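Knowing the structure of chain E, use the given hints to seat chains D, S, J, A and C with the ligands on it.
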Amino acid sequence: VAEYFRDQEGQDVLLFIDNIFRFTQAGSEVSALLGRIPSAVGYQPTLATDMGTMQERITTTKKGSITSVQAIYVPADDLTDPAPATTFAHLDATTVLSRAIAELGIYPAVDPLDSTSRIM
Amino acid sequence: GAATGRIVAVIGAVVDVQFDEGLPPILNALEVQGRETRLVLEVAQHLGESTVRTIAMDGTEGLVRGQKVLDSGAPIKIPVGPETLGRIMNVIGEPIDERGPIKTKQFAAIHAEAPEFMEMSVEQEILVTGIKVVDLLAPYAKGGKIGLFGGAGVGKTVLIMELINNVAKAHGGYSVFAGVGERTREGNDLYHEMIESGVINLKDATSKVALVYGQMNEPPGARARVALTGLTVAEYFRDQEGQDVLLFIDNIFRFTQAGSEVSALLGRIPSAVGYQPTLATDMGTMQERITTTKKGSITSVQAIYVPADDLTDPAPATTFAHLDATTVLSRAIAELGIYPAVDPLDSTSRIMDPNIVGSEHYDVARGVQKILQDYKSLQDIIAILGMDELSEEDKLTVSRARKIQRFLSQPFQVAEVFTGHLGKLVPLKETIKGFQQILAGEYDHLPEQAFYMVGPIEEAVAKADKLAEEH
Amino acid sequence: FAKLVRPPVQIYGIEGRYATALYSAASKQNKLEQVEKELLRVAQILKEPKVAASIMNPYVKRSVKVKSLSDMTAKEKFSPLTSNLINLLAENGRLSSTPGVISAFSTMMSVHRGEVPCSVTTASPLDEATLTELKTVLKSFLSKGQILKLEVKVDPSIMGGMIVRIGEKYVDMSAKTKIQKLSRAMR
Amino acid sequence: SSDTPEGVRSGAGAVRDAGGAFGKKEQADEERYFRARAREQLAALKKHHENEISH
Amino acid sequence: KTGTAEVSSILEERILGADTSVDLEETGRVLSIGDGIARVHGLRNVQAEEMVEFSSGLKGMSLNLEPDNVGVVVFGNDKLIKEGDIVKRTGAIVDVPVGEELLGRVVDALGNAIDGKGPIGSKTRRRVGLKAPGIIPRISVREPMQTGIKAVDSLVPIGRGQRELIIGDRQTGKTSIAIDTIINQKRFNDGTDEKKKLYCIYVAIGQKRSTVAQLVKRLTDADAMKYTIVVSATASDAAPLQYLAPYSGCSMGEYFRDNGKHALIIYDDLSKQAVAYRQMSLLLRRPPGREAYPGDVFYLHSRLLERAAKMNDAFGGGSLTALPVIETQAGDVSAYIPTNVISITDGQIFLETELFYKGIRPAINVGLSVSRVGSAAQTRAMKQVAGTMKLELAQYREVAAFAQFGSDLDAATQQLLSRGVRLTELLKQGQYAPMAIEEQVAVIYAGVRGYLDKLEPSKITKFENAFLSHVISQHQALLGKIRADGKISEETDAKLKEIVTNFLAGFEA
Amino acid sequence: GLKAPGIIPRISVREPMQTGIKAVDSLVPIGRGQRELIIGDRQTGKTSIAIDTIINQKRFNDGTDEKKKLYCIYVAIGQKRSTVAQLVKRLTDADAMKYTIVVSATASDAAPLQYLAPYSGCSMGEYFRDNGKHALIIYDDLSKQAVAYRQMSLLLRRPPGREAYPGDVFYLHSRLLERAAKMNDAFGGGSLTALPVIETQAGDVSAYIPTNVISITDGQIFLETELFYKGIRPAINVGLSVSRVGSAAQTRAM
Ligand SMILES: Nc1ncnc2c1ncn2[C@@H]1O[C@H](COP(=O)(O)OP(=O)(O)OP(=O)(O)O)[C@@H](O)[C@H]1O
Ligand SMILES: Nc1ncnc2c1ncn2[C@@H]1O[C@H](COP(=O)(O)OP(=O)(O)OP(=O)(O)O)[C@@H](O)[C@H]1O
Ligand SMILES: Nc1ncnc2c1ncn2[C@@H]1O[C@H](COP(=O)(O)OP(=O)(O)O)[C@@H](O)[C@H]1O
Ligand SMILES: [Mg+2]
Ligand SMILES: [Mg+2]
Ligand SMILES: [Mg+2]
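Protein chains in written order, with the authors' numbering: chain E, 241 to 360; chain D, 9 to 479; chain S, 1 to 187; chain J, 1 to 55; chain A, 2 to 510; chain C, 130 to 383.
If we strip away everything but chain E, and leave its shape as in the complex, we get:
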């Protein structure tokens, strides 16, 4: 749906996915109902290509572009887990919403020391 407003109209699309872990977790369920032998910690062997063929269709072509904004869930506080490792290879930014900055009264609750951007 997000490409008609890039290809057929030429605008600056946005796209929200909630969230990028349940896309990954559902690919491991399809791949294990067929019979494929799993990878490291339990995910599917095609984990980076399946994320590849979805995340490569979001670019800036000559007509328009697609931007994306995706929420991420980090399992067991493990930033080197196979699913957020593979998702971090595609990111160009981060945004962190933390519980403490809301207590100060500041809106939106954005942590300006732990939110990054690769094009900085």
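Watch out, some of these pointers could steer you wrong.
[Unchecked claim] Listed below are the simulated DSS-like cross-link pairs for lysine-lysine, each with C-alpha atoms no more than 27 Å apart in a straight line: (1) D:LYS302 <-> J:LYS24; (2) D:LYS111 <-> D:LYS150; (3) S:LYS37 <-> S:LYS61; (4) S:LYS67 <-> S:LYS31; (5) A:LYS187 <-> D:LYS411; (6) D:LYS441 <-> A:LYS359; (7) D:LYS378 <-> J:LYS24; (8) D:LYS384 <-> A:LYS429; (9) C:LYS209 <-> J:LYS24; (10) C:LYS197 <-> C:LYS227; (11) D:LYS474 <-> J:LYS47; (12) A:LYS118 <-> A:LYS227; (13) D:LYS216 <-> D:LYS384; (14) A:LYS460 <-> D:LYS441; (15) D:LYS441 <-> J:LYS46; (16) S:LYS139 <-> S:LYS153; (17) C:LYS273 <-> C:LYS132; (18) A:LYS83 <-> D:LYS76; (19) A:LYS196 <-> A:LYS482; (20) A:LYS197 <-> A:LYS384; (21) A:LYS498 <-> D:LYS85.
Source of the hints: derived by calculation from the structure; they are not laboratory data.
Just chains D, S, J, A and C with the ligands now, kept in the frame of chain E:
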């Protein structure tokens, strides 16, 4: 004889037979011909083209393919009755003590079903054994179910042979000891520890115990069915006669663990850490026949091996629901010399209740456990600040808590060959009174070495005078 | 289900499934000695550069290999229960293993009167006076109303004897007995 | 990794649960105190017992 | 590759002739039985998830439709099925009795009767496998659902039409948060109002039978088995009966949702359905995954725990609330099944066994518990006092290390150690004593306002019991002015000031 | 492959077995007929402990009474021949070899020959025990009779269990360590001690094959590394080296 099958494939302890005429159902017994010993195979699966997949109950040496196999028409039929007392019996119901045969007039096939919802006695009681950790902190119940946890070498064959002394001699009803895969050395003591103590009489008919022994030198298909030969003799005394029974089983982890030794040879995909995929189903098929109905009662005491002191293992952690009372022995306590090793903050009963044990028993045992959890928050301070930095209130806590910890220890009567002390048996009314006073402050003026290995609190001041005279 | 007649070989694999379903079906109605004469005539029409061109071709159709053999199996000589069997193998996908079944049915039907022959393995061949004894003293063993058969294969590495195998018997008398003189060198 | 239920946490009285060189430095420190109070108390017993008889 | 139905007896008849003697469109013979899984030759017209009915009287359920046979799980023992036994069809997905003829009765997972009173008299049925409502037929939850526990109603509140996970280790008080949730409803369920009633269901999965028998006697004597259904697939059964048993109980509680009534269901526990499914998959040779669970095991607890809804005015105004129970193993909330069900539901209540022995019972951790809806699912008076209470019991947790060896601190830090240990003493509560809601607004009003700082901490749990018995009897007219109005007006906020201070004088004697 | 004797033909442990070590004989005594497990790491003393025991019975074997002797047996599994031909040297200057047997299956042997070795060595022990005398048997070691069962029974296409070990590694060791009996005096009264050695990785005792054999033996001797290097040699953890004392047949003066 019917359906005289033939053997085709002996791979391990899993024999497959092929029947010409009559296929037998699941859970039967088969008789391999031409052997001087009795080898019994039990049917477990139906494969197609009239071949079944059995499991042997003995050694599979000397099994030549093409060998005939008879059929009895039922599951395994053991002897049962009143004349099975003071005897030791096999898994298929045979004598192993060389006294002659068992002459009974009633047989019971070992596969029965759990009694229904409308046959459930609901009443709770109390039971006094004599121990200051059982009777104070995790009290038993007349008809309940009792499990003894803990690792290897912490005191489970002693705590289960002391309760055989305490309860199972001053009891009117009967008892059964089923040995499910343990050391054959330890199955020679309890046969001789109870001939001199009158519980077994080898000449007359006034014995009060029955023994079932299949040990850890046995193939792992016969170490899964002495758990069921036990509670078939221990059910004729509850159902048929309207009596009261006691059930002693050591060890019940060898029933589960000997089902994981033939899982993949049967043809299943193994589950998590290596167990069979039918863990909580073959277990709960057995642990529902050990109940008290409205025709009788059963008080069951089962020893439960925890492998490698790992309580979150799936073989113990699925047994914590078939039990009323848990006594969990730790090892970090028995390394301090405290015996019985019983953990105070991990044992638990159902009847610890201010409406069954009374509101004086309850206020005591919820202050012993509250001062022992207050100890551990101070032990992390002592490791840095040292003992002579604490305040004067927190020093009073550690001294009473070490007085309580030493007072929970008690010399059993079966430690009269290990330690050389003399044995105690404390009544319940003194147990509550003794612990009530250490929390109050009425023994704050004694050394801790008085309280180690005594009985009542009046013996713990008769030691603090002998220490001061020999000074 | 029903019980079936036991074949006296009982082979296994994808052959002996179908090669016992044919033995049990034809032993009913006493169609046993007849059906081997019909299975040896499909055992010649299978090897044909138009028939074997599509009996093992994957890409023709799943369906047209069923009508093409059913028209073929009925018109020329025979319409017994084998016409259902060729229709049974072709309906399942086991047309590739069709020569395997008839080589499996032949060894199953042979033992109904046969011997599973011996194998004399000695040297360059012999005369009539020493062979017609071994074609008669090898009949004195069995004694069950039978007409024996035999194979011969020449091997010179056996230096000075003959080995023979009546079934799975193997009475060995040869120049292995040089290796049995290890006991002289074995203390 | 402690401000989350998924991130693991510790118990109370875990220093002596390990068995290191702080669990030993504390198991022995308690015996070097409560062995010397055991003969302040022990000496006073003869007098205390007498005192009970007195009053 | 050989194929399952390629045995020597199936091929043997097809060489003889056509199969006219058996029809195979409706009845199919059994190829091979083992460990509660059958293989059936025939049955060409069987729908997926259809009950079959074996020759020996048992039942079945069709799960694997395969190109030569069908694999069907067996209810009951397996010593009755054999090889060569005709199977037939019923013609439908499994269905269960449903009505109001269930109330006060005890049923198993197929709707039969076990308490021995008599057969159920309902005139309706329902399929167990139906779907949730959509995005449209719901509305946001606004109804209080009261438990009677001062912690659960004031710190982690539940509403009607919400999932709330009771998670915690063994021997912690799990089965007892959800047994005075039931007993508390007798206040409303005997009166005259209709949109405050509730009809509870208890599902017992894999427990032993004589813990259920100790629960029909706990609830009869407290007089709450005239609106409670008990569904009981216990441990001695077969494995699919424990698989259906929360679907069988979530269709019994949807008739009360489609008709403008309300209900509440308690799965106890959902960590034994997931092991009962896993036994069934790995004998059907479905491919494993992490911890040998099949791939579709998030699909077990997602299609079940989304049938709990709050419908709207154009569909009846019903509700269904679900409290699922999950047992962890030594605080490990990062295993496979405890991480599915935390992601699905709307909050968890976390009970620890360290707090159970330090004298805090019910043994609730407040820091590791949450409800996602929260302050909208509360009455307007409990919202008023807990907004000052949840904050001040949160400031105590940051300074909770200083309390062990502390007297040389600041007077502000010595205050948070003071006020925070009075509010902890209020939240203690004895077993089988649910409280009315406006009574809890009396007790919590005493602590958080300042009328307990001048007392001793073993005299807090005495003062609360003496403050309640004075205000029930001699002030019953003011515990019905909150139960009707809802909000504490200033005309009541000035009247409770003249009760607590005029009782704090004549107490300490 | 013979069978262990049951409950009737045993008796309790009356006699002592002297090792000559002073940390063993005083603090962790070992009766005759008791399975005692020497466990520890590599290069800590597990072989030397069980070879001072072979040497120390020299004084009883040239004596006069036939009931104080102790005939010994050493089973070498998975060891190179430049250790077993060197241990026969240490056992022949002290003339220790005139009363022992050495059953040897080296690391060069076929994997069904390292599996069969303790079941063959234990069956020469039961010539003594089933005729009157007293034997002793050392398995050096039993972590190399397990990887000869894992390999031999993977190539027979048997499905792996944990760490690819088969289903019945517990049944492999248990049907071995129960022949170590102590018969009653109406059969002959003979005994058969056993001293299984177990090598563990990084001093961790909670592994799969250690815990399956801790719970078959009556007592243990925990050999460590920080005892060996600080200076306590033989490096026996006398705190943890528990022992079901064997009816306390230490001796009267000790
Ligand atoms: N609020 C409370 N006050 C006092 N005792 C309590 C309280 N809650 C629970 N208990 C005690 O806890 C014990 C066990 O609790 P319960 O069995 O209900 O918890 P559980 O975690 O569900 O245990 P399991 O999971 O084994 O069923 C009971 O004997 C009961 O006396
Ligand atoms: N009583 C002792 N005092 C001091 N050192 C000793 C003693 N006994 C043995 N050692 C030394 O310790 C080292 C290891 O001993 P040993 O070879 O018995 O260990 P091991 O664990 O059996 O070796 P491996 O791991 O190869 O089996 C040897 O160098 C030996 O010389
Ligand atoms: N009174 C006692 N309390 C604690 N332990 C004892 C006592 N008496 C002896 N022991 C020792 O504790 C050990 C416990 O082992 P045991 O209970 O026999 O087997 P298990 O390994 O099944 O616990 C025994 O070997 C014994 O030496
Ligand atoms: Mg034991
Ligand atoms: Mg419960
Ligand atoms: Mg060595």
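>> For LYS67 of chain S and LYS31 of chain S, compute the direct alpha-carbon distance and say whether it is at most 27 Å.
In response: holds (25 Å)
>> Does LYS227 of chain A sit within 27 Å of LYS118 of chain A, going by the straight-line distance between their CA atoms?
In response: holds (14 Å)
> If you draw a straight line from the CA of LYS384 of chain D to the CA of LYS429 of chain A, is it 27 Å or shorter?
Replying inline: Distance ~23 Å between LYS384 of chain D and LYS429 of chain A Cα, so the pair holds.
> Within a Cα-Cα threshold of 27 Å, do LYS378 of chain D and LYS24 of chain J meet the stated pairing?
Replying inline: At roughly 25 Å apart (the allowed maximum being 27 Å), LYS24 of chain J and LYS378 of chain D satisfy the hint.
> Do the alpha carbons of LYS83 of chain A and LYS76 of chain D lie within 27 Å of each other, as the hint requires?
Replying inline: Judged against 27 Å, a Cα distance of about 22 Å means the pair holds.
>> With the threshold set at 27 Å, check whether the alpha-carbon distance from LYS187 of chain A to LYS411 of chain D stays at or below it.
In response: The given pair, whose Cα atoms are some 48 Å apart, is violated under the 27 Å limit.
>> With the threshold set at 27 Å, check whether the alpha-carbon distance from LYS196 of chain A to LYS482 of chain A stays at or below it.
In response: holds (19 Å)
>> Next pair to validate is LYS209 of chain C with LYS24 of chain J; report whether the Cα-Cα distance is within 27 Å.
In response: At roughly 41 Å apart (the allowed maximum being 27 Å), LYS24 of chain J and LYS209 of chain C break the hint.
>> Against the 27 Å threshold, does the CA-CA distance of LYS273 of chain C and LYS132 of chain C hold or violate the hint?
In response: With Cα atoms ~23 Å apart, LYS273 of chain C and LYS132 of chain C stay inside 27 Å; holds.
>> So if I understand the rule, the pair passes when the alpha-carbon distance is 27 Å or less; does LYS302 of chain D with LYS24 of chain J pass?
In response: Between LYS302 of chain D and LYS24 of chain J the Cα gap is close to 55 Å, so the pair fails against 27 Å, i.e. violated.
> Does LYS460 of chain A pair with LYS441 of chain D here, judged by a C-alpha cut-off of 27 Å?
Replying inline: Given pair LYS460 of chain A, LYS441 of chain D holds - Cα atoms ~24 Å apart, limit 27 Å.
> Holds or violated: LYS441 of chain D with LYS46 of chain J, Cα cutoff 27 Å?
Replying inline: This hinted pair holds, its Cα atoms lying about 26 Å apart.
Hints 1, 2, 3, 5, 9, 13 and 21 from the list above are not met by this structure, while the remaining hints are.
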